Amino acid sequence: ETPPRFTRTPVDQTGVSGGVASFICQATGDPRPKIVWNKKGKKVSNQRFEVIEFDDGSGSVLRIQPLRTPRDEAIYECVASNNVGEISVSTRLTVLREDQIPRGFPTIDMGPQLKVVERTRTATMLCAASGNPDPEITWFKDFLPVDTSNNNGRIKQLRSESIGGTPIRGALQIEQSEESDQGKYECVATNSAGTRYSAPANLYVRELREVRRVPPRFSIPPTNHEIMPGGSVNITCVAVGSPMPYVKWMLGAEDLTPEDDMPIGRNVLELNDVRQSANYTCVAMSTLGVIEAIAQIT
C-alpha cells in the first residue's frame, strides 16, 4: 500500500465568459486514490460543473462548461484521497471580462469541423489559432484531454512550422481508425495571457466502403531500344491508376519534362541526334505513390 502521488498537477489559467475551463488532476497509488474538487474550500456540486474520470481510473478532469466570471472566479483544490493518506494541490481560475481582453489573447481563427470517416481510414481534424505569443494547440476528446506523449501510436499530432506572421495550425490525425474514436472533439489554444476553446466537432465513424483509389502502376513500361548513333527514337511510358498519375521523364537526377506541362498518364520521350548511351527513367507519381521504371539506350 502506498500514499497518493500526483502524476499530473492542474495549472492556473484564464478563460473567457461563455468559454469552458478544464482542470486535470492525476494521482497514482495502491489502492487507487479518489479525486475531489473544492471551489472556495467547498466541494463542487453544480449543473455547470462536470467531473469526468479517466478510463485509467487514476485521475479526473473538472470541466466548467459555462464561465460566468464573478461566479467561479476563484481558487480550486484537487484532493487525492487514499486509504492511507491524503494529498492536495491548488490552482487559480480567472474568468476574464468578455469586454476587456488583452491584444494577444489566443483566438480560434478556424475550429475543427464535423467529420465522417470510413472504418480503418485516417481521419484528420484541423485547428487554426493565433495570438501575440504564438499559442500551443491541445486536443480534448469527449471532455477528456487527448494524450500523445510521443508519436508511438495511430493518434498523432501535427504541428505547423510557420516562420511567423501567420496563424498556427495544429491537426489531430487518427490513423487506422477504430470504431471507438467517434464523439466530441475540441481544439484548445493555450497562451501565456489565457486559453481559448474551439467549438466542438463530432467525429462519426461509419461503414467500410469499396476501394475507389488504386495506386499507380505501369501499363506500358519503357522498353529498351538499341539504336546506334545515327538514329532517333521515341520511348513511350504509360502509367494508370486512380487518380491518374503524373508521368515525367528523368535522366539520372535531372528533370527532363517541364514542371508546368507535366502530362497525365502517358509520356513519350522523343530523342533526336542521340549519340551516347543513356539510362533514362520514367517516373509516375500520384497522391497515392510514386513508381519509376528505367529504359536503357545503347
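Shifts are known only where both forms have a C-alpha. Rigid core (definition): largest C-alpha set, two forms, superposition within 1.5 Å. Positions refer to the first chain, counted from 1. What changes on going to the form deposited in another entry:
Hinge assignment between the two forms, options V211, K42, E270, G252: the residue at the boundary between rigid parts is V211. As a two-part rigid-body motion between the two forms, the smaller part of the chain turns against the larger by 75°, taken from C-alpha fits.
Shifted stretches between the two forms, defined as 3+ consecutive common residues each with a CA displacement of 2 angstroms or more after rigid core fitting, are listed in sequence order as 160 to 164, 210 to 298.
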Second form
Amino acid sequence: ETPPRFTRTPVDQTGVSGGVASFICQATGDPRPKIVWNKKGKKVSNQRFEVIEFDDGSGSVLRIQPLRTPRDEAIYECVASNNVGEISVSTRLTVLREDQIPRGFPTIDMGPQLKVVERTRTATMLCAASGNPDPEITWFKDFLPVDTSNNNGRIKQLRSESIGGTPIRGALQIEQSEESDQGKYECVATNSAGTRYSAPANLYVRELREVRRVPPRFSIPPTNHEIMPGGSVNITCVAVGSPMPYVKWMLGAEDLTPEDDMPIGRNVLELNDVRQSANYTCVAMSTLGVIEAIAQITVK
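One more: the block was the form deposited in one PDB entry; return the form deposited in another entry.
Next comes a single chain, given without company.
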C-alpha cells in the first residue's frame, strides 16, 4: 500500500582505535521496511560488527567494536525495502589511531558505575565528559540509544549543569525503576572532533528491602545533674528506631536545636555558665511518633 520512508538516518562519525561506532537507521512503511547495512555495496560480514534491531522493528543499529584502523573506514549504506518500494542513505565512518587524537577530543572524566537499585525507586547513571567544542552527552542501553525525548517520561537525561572550567555532566535519570530498565548502559560524548564511549555499566533491579518499622525509644535517656554554680554540663540524649528519629533539645516550649541541622539519632546539649536551676526536655521525632524525656539540672 505504502512505500518506505526514513524516520531516522545514520550520520557521519569519527571514532578511536579500539573504541565503538554505532549507526542508527529506522524507517516506516506498510509492509514494514527491512533494514540492510551494506559496506560499499555488499553487506558487512565480520566478527567485530553486530546489527541490533529495534523492538519496534522500525529499524536497527550497526555496532562496530572494537574500532580498527584503517580497516573500519569508511562508508556504509542503510537500505530500507518493502514490496512497494526501496530507499537508501549513506554515511562515513572514520577511525583514527591513538596518535591521531586531536586536542579537545571528547574524553570521559567519569563514566557510569555498576548499580543495583530497588524497584520503583530512582536510579541515576552518571557521566562526565570534556572536549572542544563542548561534548554532547547521549546514552545507549544494550547497544541501543536511550529515548530521552522532550515528551514527559521517567527517563530524563539531566542537564546536571556544573559551572565553569568543569566537565559536562548529562546524567541519565531513571524514575520508577523497572525490570525493563536493568541492562548494560554506555555513555557517549560527541563533538566536532568525534565520538568517545565510556566503559559499560550494568544496571540491576532488585526488590525493596522490607524494613520492620519501630517507633522511637530512648537508648540513652537524658540524665539528671547537680553542678557547682557556673559549671558546664554536657547531657547526652540518644534515641533509636526505624526510621531513625531526629533528636532535639527544648527549654520549656523554646526550641534550642535549629531545624536545618537537627541531628538524627544523637544529640548532646552543652550547658555553660549555669547559675540557674532548670529542667531541659529532650525530644525524639519520627513519622511513627514523638517522645520526650526530662533532664533535671539543679544548682549546688
